[PDB]
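Given next, in structure tokens, is a single chain: the form deposited in one PDB entry.
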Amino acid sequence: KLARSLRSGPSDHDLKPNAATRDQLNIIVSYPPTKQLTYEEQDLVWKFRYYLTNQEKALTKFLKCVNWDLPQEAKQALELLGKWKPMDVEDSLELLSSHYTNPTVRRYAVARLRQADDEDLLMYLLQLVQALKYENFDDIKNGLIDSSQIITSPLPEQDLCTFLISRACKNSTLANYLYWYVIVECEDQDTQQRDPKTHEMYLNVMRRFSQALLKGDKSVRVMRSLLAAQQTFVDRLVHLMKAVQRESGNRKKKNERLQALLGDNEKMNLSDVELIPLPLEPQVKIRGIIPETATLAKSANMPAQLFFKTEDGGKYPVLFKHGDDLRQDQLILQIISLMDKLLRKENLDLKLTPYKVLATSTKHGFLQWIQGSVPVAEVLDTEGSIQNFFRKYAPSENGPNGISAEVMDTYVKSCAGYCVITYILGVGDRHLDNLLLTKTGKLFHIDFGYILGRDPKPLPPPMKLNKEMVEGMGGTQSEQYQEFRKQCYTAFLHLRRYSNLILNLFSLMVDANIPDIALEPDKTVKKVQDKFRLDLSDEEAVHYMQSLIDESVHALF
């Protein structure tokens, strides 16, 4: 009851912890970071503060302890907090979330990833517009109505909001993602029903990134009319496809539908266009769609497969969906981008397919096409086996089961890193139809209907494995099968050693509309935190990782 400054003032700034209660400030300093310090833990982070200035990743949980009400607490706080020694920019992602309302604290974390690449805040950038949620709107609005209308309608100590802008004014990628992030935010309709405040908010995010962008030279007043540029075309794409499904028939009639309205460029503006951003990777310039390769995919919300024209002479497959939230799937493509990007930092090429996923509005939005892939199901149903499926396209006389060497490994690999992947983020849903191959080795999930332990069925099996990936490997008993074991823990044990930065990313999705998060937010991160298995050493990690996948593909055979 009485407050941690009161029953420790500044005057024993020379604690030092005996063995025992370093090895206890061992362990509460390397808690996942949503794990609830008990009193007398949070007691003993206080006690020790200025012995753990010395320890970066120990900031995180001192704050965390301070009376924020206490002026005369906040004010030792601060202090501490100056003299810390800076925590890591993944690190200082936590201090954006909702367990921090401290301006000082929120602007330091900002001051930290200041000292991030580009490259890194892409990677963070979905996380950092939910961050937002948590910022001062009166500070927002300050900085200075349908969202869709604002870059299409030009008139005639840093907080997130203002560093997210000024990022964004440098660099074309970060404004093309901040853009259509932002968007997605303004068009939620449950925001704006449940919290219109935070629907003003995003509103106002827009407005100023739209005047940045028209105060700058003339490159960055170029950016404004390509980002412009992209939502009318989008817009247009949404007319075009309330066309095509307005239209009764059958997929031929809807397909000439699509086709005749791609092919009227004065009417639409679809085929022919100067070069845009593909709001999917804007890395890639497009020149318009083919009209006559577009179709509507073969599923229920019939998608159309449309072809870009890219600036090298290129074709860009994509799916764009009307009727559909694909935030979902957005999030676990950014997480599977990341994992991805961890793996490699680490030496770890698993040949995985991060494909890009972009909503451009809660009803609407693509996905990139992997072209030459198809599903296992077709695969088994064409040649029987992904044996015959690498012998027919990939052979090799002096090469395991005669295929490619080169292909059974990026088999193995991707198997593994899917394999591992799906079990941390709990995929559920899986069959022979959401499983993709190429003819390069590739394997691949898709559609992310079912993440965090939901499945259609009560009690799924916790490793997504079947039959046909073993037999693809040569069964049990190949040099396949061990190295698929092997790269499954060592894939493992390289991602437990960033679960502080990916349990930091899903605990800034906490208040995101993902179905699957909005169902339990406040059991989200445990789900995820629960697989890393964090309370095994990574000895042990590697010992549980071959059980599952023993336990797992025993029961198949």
Given for the second form:
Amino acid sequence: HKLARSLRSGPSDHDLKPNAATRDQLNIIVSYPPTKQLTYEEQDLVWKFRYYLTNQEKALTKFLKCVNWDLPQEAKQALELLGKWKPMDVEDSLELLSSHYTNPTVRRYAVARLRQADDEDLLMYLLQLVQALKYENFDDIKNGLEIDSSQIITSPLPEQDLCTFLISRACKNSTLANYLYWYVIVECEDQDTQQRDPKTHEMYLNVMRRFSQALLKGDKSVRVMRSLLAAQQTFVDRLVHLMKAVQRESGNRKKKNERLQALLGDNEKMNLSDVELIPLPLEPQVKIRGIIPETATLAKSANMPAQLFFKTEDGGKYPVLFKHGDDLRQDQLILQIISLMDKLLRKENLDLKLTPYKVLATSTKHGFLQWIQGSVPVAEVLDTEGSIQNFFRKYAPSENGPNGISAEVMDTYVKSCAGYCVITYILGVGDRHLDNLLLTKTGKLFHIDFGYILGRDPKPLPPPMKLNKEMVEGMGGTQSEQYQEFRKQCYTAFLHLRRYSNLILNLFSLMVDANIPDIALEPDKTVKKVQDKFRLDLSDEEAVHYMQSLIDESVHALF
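Okay, that was the form deposited in one PDB entry. Show me the form deposited in another entry next.
For this one, just the chain is written down, with no partner chains and no other molecules.
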């Protein structure tokens, strides 16, 4: 073993081609998932046929682990092969930016591959790419220059690495700028980072101050970007102050609610019912005129979230749920992954009427959730109308539609049930009950409150497919043509998502050092818990018959 890999071959068999039997062994090893550890035998094998593997872009990520970088004999040839290799897809490049690869060239190369991606894709990975800064050169991030984090943006002055790249893209795209601001603010406000990795806490302040510096340095349109972020930041700082002023001022919930409205209605002091048309950080397409004082209510629940109604640019209400005294990041992640999964299925022309509602932490302590206007907890739906079918008949009846319900509504309910069954199965969402399953009168089922994920549950053995009796009776029972449809969607959705397993797993790779509670328990064992739910051991034909039997053994058990 201890004889180095370039000491055992190279480049006198750059002329190698593997035989039929070996080509199978490689293709298995190459398209392994991206935290599946490789054995010394397999790392040796990948090195042996390294000149063959330069025509399989998939394989590049595997090869670079087998390089020993301390040996400059190895490292100089390895990086020569990195230029002769087929360039990898952006989907894959996220792997190179994780904790596992430390070589400057490898990481700059990854950024060059990212720079091929357009901002719509880049946004879907931005949360993870802010985590990826932790594995960057902290000295180089500092040396770009030319402390409360919430004051940086509001206090002006009278080969790209990852940090330089993200800032460059943010100054050219205001959507990225919005989310890059708030993601980095949370990493600064991360207190566990302040304690155990104070050097990392400094890096994110340096990232924020680097960003603000470019915004001020940039042209006329870019400088306005800075003042819009400053507007958001004080608005949130005022909103958080208004929350503290209620959370403290004692009395019951009804006295606190009267209090909440008093402070909102007072715009001289608190300055929240008539903002100057600023962009909502949650979704910056929505500019907000102010919070409506008279509708604002506090939820009868543990951390007292406030239900707030923003009056918008175009005369509408955009309701949100603002939590003070609660970590949102575990939700931020899940909704962010469900957003992708929704988009990946639509890539394949499968719209399953999913509800990936917006979530933005504006600190570790607090943040925003988009309220879906018209949603009701399935519990509440069962409680007042009796069944999921009675609900739909009352609110969307039809002479010819199935069970006296609009066919379009019944279709929506099926598809959403199917998608969320598969998606809550993969992500390992536990602690499901009828208060965290919501229903809409459009037909849409969806899930909220992701306090338990990646296997975790109050129960020791939860069921793997999160599907109850009431849900099945909403279709028409096990013999309806709806339930036939509901299976077909599940196995198809499961199949399509399997074909982006590599992407999803590379994303979860980046989230291990993010202090998300259900990931922090078993960070190394986190990514396998997702990987294993895809059942990559099976073929597509086998995966279908698996997903089928998953759904059947679950539904059989219910009756």
